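Asks: Assemble the complex: chain A is given as a structure, and chains B, C, D, E, F, G, H and I with the ligands must be docked to it using the hints.
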Amino acid sequence: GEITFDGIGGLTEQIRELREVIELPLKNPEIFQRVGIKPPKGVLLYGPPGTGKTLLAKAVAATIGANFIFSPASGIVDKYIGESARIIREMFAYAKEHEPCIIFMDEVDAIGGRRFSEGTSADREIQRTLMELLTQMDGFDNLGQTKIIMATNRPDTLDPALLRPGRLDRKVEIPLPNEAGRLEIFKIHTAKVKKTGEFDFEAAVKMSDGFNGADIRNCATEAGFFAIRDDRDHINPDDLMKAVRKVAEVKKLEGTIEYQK
Amino acid sequence: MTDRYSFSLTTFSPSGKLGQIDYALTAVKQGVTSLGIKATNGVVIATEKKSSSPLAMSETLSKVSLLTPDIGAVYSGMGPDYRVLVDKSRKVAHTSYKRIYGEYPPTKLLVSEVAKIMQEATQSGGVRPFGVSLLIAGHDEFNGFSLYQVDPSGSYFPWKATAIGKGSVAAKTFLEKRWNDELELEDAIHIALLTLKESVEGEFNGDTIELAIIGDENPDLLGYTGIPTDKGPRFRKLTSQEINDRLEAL
Amino acid sequence: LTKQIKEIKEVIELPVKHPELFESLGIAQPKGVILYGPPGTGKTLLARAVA
Amino acid sequence: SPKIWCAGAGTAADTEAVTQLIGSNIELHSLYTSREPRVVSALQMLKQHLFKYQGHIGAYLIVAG
Amino acid sequence: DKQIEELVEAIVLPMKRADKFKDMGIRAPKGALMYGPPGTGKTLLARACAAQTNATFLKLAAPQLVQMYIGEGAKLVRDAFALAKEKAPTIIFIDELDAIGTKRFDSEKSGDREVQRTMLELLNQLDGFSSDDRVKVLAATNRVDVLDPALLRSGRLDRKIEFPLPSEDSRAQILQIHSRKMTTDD
Amino acid sequence: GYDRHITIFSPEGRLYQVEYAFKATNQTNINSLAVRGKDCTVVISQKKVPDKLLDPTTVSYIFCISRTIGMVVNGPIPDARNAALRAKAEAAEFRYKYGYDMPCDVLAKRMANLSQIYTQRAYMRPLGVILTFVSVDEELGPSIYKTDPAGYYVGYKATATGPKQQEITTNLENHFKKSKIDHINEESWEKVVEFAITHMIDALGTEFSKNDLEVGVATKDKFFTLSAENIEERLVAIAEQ
Amino acid sequence: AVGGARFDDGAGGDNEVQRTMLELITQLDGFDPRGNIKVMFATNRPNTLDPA
Amino acid sequence: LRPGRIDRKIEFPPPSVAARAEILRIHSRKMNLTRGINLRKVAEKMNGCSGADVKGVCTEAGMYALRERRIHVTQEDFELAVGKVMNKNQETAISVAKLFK
Amino acid sequence: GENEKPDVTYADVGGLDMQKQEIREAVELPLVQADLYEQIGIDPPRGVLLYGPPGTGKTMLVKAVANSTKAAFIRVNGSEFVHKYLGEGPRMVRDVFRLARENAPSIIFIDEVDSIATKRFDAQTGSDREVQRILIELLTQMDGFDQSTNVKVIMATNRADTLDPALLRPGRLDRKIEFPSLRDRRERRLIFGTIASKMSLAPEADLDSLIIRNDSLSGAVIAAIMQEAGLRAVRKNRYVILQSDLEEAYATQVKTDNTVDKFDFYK
Ligand SMILES: Nc1ncnc2c1ncn2[C@@H]1O[C@H](COP(=O)(O)OP(=O)(O)OP(=O)(O)O)[C@@H](O)[C@H]1O
Ligand SMILES: Nc1ncnc2c1ncn2[C@@H]1O[C@H](COP(=O)(O)OP(=O)(O)OP(=O)(O)O)[C@@H](O)[C@H]1O
Ligand SMILES: Nc1ncnc2c1ncn2[C@@H]1O[C@H](COP(=O)(O)OP(=O)(O)OP(=O)(O)O)[C@@H](O)[C@H]1O
Ligand SMILES: Nc1ncnc2c1ncn2[C@@H]1O[C@H](COP(=O)(O)OP(=O)(O)O)[C@@H](O)[C@H]1O
Ligand SMILES: Nc1ncnc2c1ncn2[C@@H]1O[C@H](COP(=O)(O)OP(=O)(O)O)[C@@H](O)[C@H]1O
Ligand SMILES: [Mg+2]
Ligand SMILES: [Mg+2]
Ligand SMILES: [Mg+2]
Ligand SMILES: [Mg+2]
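Protein chains in written order, with the working numbering: chain A, 1 to 261; chain B, 1 to 250; chain C, 1 to 51; chain D, 1 to 65; chain E, 1 to 186; chain F, 1 to 241; chain G, 1 to 52; chain H, 1 to 101; chain I, 1 to 267.
Some hints could be false.
Have a look at the derived ranges for each label pair, beta carbon to beta carbon [what the hints assert, rightly or not]:
{"id": "1", "chain 1": "B", "residue 1": "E186", "chain 2": "F", "residue 2": "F224", "range": "53 to 63 angstroms"}
{"id": "2", "chain 1": "F", "residue 1": "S60", "chain 2": "E", "residue 2": "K16", "range": "49 to 59 angstroms"}
{"id": "3", "chain 1": "A", "residue 1": "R16", "chain 2": "F", "residue 2": "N29", "range": "24 to 34 angstroms"}
Simulated from the structure, these hints should not be mistaken for laboratory data. Built from N, CA and C at the ideal position, the CB exists for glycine as well.
Next comes chain A alone, as it looks inside the complex:
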């Protein structure tokens, strides 16, 4: 099912910006060919984890109705080739049949290396898997019909090679959600679970400025614990007020505010 484009908040703006990049060359490589430019393939996404870069990749895929392959590479991570060799070969073959198709290459950096020169010798073994993938998806060939979107979450494990042109064409920002984009998100969460009627969020969102959306779910759950502790199955507006303060502390302490290269 499409992740509801209304329930993406504070990054409304991101969805619309995106289809310029993606929808026009995916449906018709014809227009960019006649225009006179090499058709673009390779798009790099980047935002502090929990802003929903993955979530945005999905949002766009449903609209077009294009086939969707989400592959985390952190679920199969290994040194030398093993299980990865089997998967990636299979995975391009499925993508080719279901074309037009988008591969959301999630945590590309996982099997991503760093070049080193005196470093750990093992990290270069890891790097090789990533290079094998790259050639299968596209060789010398440039297609828009099958296209690759690369998403990173740690930037210092990210491959210096994969930054370069010829592997990459756009470097698309995905920024923090908005101030009252965060409010939209806060309200959605609490509608889903039980509540007696809560409207103390006007205050609560302000303290919880700078939050990843992932982190907003965490103050809502803890508020909810507080309700069950009180012997209620309804979050009271009092409980929510309690939660946001304590959750704000850790959140910024241990916070990811990095934007990957």
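Replies: Just chains B, C, D, E, F, G, H and I with the ligands now, kept in the frame of chain A:
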């Protein structure tokens, strides 16, 4: 990175060449391409200015400051080191030659006094070398037109032609091909513009380009006419309009 | 340079071919040899050529 | 300076000397500020110098400009 | 005092109130990790808490059950995981994580990977609102900076507890505990 | 690194210390604005409204250094105060030394020279504040001189400072091209303030109350701060948008 | 060394020594019967000894 | 470095002009002989710096005959070939220095 | 490079026509004709140094030659050589040279060597020792590699003093090419010409104004400009790019920093 001996300026470096002094040169390179050409009957100094912010006024950024009315200076490098060094040059000169010998310095003497200041910001530990290398171009009676370089080390040398900054390589060779000292000044100004024009071609408008000559006296700019014997100012800074005239002569 | 050829000849060829002559006529036997001088002289070549 | 002239009375030696010493500081001022100093600026600087020695330095001057 | 109050929120209360958790629908705490200086009684706490929750207390260590070869033992561990989930309710106490942490690039692809992966599986399956309430997970480690990077992604351990330095009050009480054993000297 | 700490030349030969000061001067997040009207120099800065534990009015970023000369400060407050002393002090000393009011241009030059001395001093850590002098100058009329923490200084037709400086600049640039001059339109001192207030609101997108601004105005022979309520007179027409 | 210092610190590193070390710590630490077992440890320096 | 068992040491200079004449002569014979026999001139006029240098002269002089689609060299070619090889050796090696002393 | 070969041909090379000529003579022709060299009797041209900073299309040149040689092309990187077991590196040097002999003619191309070749080293790190050993064996093998059908080692660098200059030097590397990146008018003009060919342009503004305004702009800057230009062209439904659209696209991209971003803080 480097040694704790080479960061120190009270400590003989292993190599004997400080790390410090070498940093000062890296910075000179990073700055503007400034040049000097010596002529029979003049010296021309010319440079491009930083574009800076769009709404920052360009005029106020001055990379040619007159030390005396008859002797100007040009540098590559940072603004702050430039201004402080410049107040020190004038000030030490007044004491040691405008009250003693009650007259403007020979160019050689002024150049000598500028090296000494430089030298002291390299001798004393914990005080970094001046961030700037000069050309001091000038005119005095005794030794005619003269052209100098003063290094942040505190060594100085006269030249026929020198250029400094990123485009130093380019410029020096161009001057050689096209010119020699025996040629007149008028030719060199057109030449110098062209040389600097390799450097940058997006804008070469006379707003962003500061061009001056030290040459003949101007008895008008003496400013207390009716006495002729006093030399007028040797230096005359050429306005943007004047540059533009000199661009259609190229 | 042939300067060089006589100097290297004495040192390697005679003790290898006949240690028995060298030992007796001289005293002891020569050891390792270190070739020094700039790159690109063709020192490697010399080493191949004797062999 | 070119447009600040004065004529000196008093002890002759002092009048030349003070003009030379002060001269430099005025010249220093001019260049420092990229602006022609005020007539009053010369006046002020001149006044303090003399004042210190309570007038033994005996320059009495008409300052014009 | 503080850590006890915190552990009891994460553990005891959800165990008994499990119906309430289902209704509202929010996840119950999927495991608590305790870390920082030894001697703070990581051990101890878990034993007392399990007893209150009446839930079978396994005291366990993930690389210790690797016996000899990592062939016959990687497999032993897959059985141990299976056993431990079954016969719920339970709180499995898994200890020191440092040997299988391996944040390095020279992270073994050997059988050391298998123990580690089955660690991710245990935690993932608890998510929901029914699986969190039966099967509870405690974990103990000293250095927290050497861990697997997929562990710092998502909420693999749903609660992270840092020990604070002891206070005056804390010292004075621990002394009393020791001194009672001895003859009372006023 | 040791390389970060040394006050003496870095291996790069461009100081790490200098880049750091530049970081600092955006911790407070004060967007300020200074423009040159025809015969009036307007400076505006956000007046934060903290909790009641502090009075709001007292909190300020616009300071009266001397007659005509005002100073807007961007970057941390305790260092602001340190700097402030030296500039007030010299304006006085110049008046004693030279028997005439100090011009704007000369005060900025003095402070660039002090900035550079700071990195030659081992003990001292360089001040990490922006000093922007505004005045109706003696000769030059409306004048804006912006001084950097490093010690670079440059004059301005108009300027803004902050992390959100970029948006404001664009409006001011295009405005000046359409108007085909460098002065904000209208001889009247009052309506130029209002054109500044308005342009601040646009760029930032946030309507500011009288509570959220402070307006310092330069005329001939005084720099003075307007009342809270004066600000409002402008604000009201603008506020319905 | 071996059941003494960790060799994790190294670039490629090693942890066969962490296995040996670990086992000993847990036998000592917590409940576990003992038949009047004295524990003597010979280290040349306490520094080398794992702080654990 | 320290005593041990190393004892014999043979020092090799970079060529002299005499030695340079010899190396140059014998490669030219195998290849195509320098006509007007000004291979002796080339060695007398200048010193290279290596015998590696000298084999580079040999290659280039021969490449000059190739551009014309000739298969024999002359003196005119060696005079061009030497200036190119030898001068290039100096411009790569000098760039490292700034302006010290 | 022959199993699946590049689409880069000498025709697809636009600008650098002057640099391009020398590189074919040196490299491609020993391999296609041994016979030419034998008739005069010269030693074949040796290695070729490619330097010029990236955007000078060093790799691009070798992509061209890869098609035409019809014959082996071995494209390897510096990464392979530096440690993979803390001991792999010395072995790895030997295998590329051997592998070349088997499938001769071959082009040996090493992309990075700026980090393998250093004047000084540190033997205290154990891992570094292998870096040192790779450099020394390469010097040795090259002397035993003369008078072979394989072209003598070709390598690409940012700079010619990263390599030791005394050791790695003319007559190993007798051609050492500097690429124009400051660039002349002609050189610029040819790069614009690759684009001008690719799609018709509707004249709406001076073509040559754009050339003059580019101070030194490299090939990569010029490709990027077109890429933006055409993104706007999709929306409009234009299929022949206005010369006005390129002009505004240049205006928004005044690359190589210009003055506006370098000058802003080196003041
Ligand atoms: N005298 C010579 N005659 C023939 N060719 C020569 C001569 N000297 C050098 N060369 C050429 O130079 C090439 C490289 O020189 P070589 O590596 O043998 O030098 P080396 O002085 O022993 O250096 P290194 O410092 O590398 O050990 C040789 O393979 C050969 O083609
Ligand atoms: N909080 C406590 N109060 C009193 N005694 C304590 C306390 N914590 C630990 N000790 C004492 O120290 C002994 C050893 O505990 P130990 O140092 O193994 O602590 P831990 O926090 O469980 O660490 P780890 O398992 O990482 O070694 C206990 O058996 C107990 O007697
Ligand atoms: N006290 C000593 N005993 C023996 N020989 C000595 C003594 N002192 C000096 N020598 C002289 O040094 C000569 C060479 O010694 P050699 O170099 O074999 O010795 P080492 O100290 O065992 O070193 P290395 O194995 O590093 O070469 C001997 O043949 C002898 O002439
Ligand atoms: N734009 C958003 N709208 C709603 N919730 C959000 C948003 N951004 C983040 N989240 C919440 O955080 C969860 C986890 O982020 P995830 O999709 O894993 O992103 P990333 O790839 O950036 O780590 C999302 O599934 C969603 O529940
Ligand atoms: N002849 C040319 N025509 C077009 N663009 C060129 C040309 N030569 C080089 N370039 C540009 O140079 C950049 C680099 O080319 P590449 O072969 O990847 O090598 P490197 O960065 O190693 O020199 C590309 O962006 C390419 O557009
Ligand atoms: Mg993801
Ligand atoms: Mg050799
Ligand atoms: Mg314990
Ligand atoms: Mg390359």
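Asks: Taking the hints in turn, state whether each one holds.
Replies: Checked hints:
1. B:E186 x F:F224: 53 to 63 angstroms: Holds, since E186 (chain B) and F224 (chain F) (Cβ atoms, about 56 angstroms apart) stay within the stated range.
2. F:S60 x E:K16: 49 to 59 angstroms: holds, 57 angstroms
3. A:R16 x F:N29: 24 to 34 angstroms: holds, 28 angstroms
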